[PDB]
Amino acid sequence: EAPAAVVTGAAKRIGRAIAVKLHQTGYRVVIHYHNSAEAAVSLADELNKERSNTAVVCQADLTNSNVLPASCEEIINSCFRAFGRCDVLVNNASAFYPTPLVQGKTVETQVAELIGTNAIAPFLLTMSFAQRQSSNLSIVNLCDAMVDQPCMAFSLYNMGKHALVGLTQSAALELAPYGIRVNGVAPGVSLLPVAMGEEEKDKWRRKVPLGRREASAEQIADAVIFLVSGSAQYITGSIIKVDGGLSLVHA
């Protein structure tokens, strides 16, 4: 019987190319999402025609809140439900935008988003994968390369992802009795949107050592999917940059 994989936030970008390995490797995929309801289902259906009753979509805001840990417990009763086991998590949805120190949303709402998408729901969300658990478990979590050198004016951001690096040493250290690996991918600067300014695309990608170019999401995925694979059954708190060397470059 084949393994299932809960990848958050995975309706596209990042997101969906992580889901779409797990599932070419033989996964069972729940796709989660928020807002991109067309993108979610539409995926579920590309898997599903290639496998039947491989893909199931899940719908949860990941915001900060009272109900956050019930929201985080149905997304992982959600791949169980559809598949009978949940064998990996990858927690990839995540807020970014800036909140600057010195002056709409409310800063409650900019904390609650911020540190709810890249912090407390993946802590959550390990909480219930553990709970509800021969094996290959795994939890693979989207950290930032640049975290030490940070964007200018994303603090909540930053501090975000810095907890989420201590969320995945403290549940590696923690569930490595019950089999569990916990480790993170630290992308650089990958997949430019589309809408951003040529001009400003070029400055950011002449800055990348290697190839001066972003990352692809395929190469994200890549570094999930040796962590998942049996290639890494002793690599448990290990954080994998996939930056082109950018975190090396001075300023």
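Rigid core (definition): largest C-alpha set, two forms, superposition within 1.5 Å. Residue numbers count along the first chain shown, from 1. What changes on going to the form deposited in another entry:
- No residue of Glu198, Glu46, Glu38, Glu218 other than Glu198 has its CA displaced by 2 Å or more between these two forms when the core is superposed.
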Given for the second form:
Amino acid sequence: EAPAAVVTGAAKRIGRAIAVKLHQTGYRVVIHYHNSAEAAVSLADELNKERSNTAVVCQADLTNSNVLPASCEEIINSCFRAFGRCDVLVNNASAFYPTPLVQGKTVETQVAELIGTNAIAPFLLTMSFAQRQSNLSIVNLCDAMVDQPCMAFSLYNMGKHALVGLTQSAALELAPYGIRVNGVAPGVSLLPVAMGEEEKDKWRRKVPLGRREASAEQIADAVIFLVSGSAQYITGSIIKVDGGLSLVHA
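Now the other one: the form deposited in another entry, given that the block above is the form deposited in one PDB entry.
What follows is just the one chain, with no partners and no other molecules.
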């Protein structure tokens, strides 16, 4: 029987490459998505062409609210429903936008989205994953720039910091259960769709290793390692995949 993984925000970009690589490695996959319905269904189609009944989609808002626990419970449930097991959780889904300290969304909405997706939803999915429980592990998508934050990204940066906190806290507490918890921290990888070309090239010029962003596949490569038998004694570790970017002074 093939193992199963949940990847959140798996319709596009890094999430999608993680889903594709897990599937290539022999995993059945739940493709979680929020708005990207066509892309997710299309990904599941592609993967199911390769091996039938090895991919399903699961829709959910990971914004924080009083029903977020139910939503997170359901994403894990959906893996058991489809595949009868859940071996790997990848916490990939992420809101990323500036929240300036000095001056359409209300600040509480920005808190719910940025802290919910980057931190609370991973926490709740971690609970649900562990509650429903071999090579079990969780990989959180972190950020190599957490200590050199983007200007005016306080809420986002707080979310990612809390994610590091969860990574270590869950590694420690789930170790008795044989669930490993690790992170992968991209620096610059696939740049924002809305980011302009001049900005994209400014960030690219900053990376010591090859003056370019990471491919989604290079990030996924690190996830694959962490879920594998070659990482069986590794828990609580966050692997930077940043081409040295975090080492460059101002």
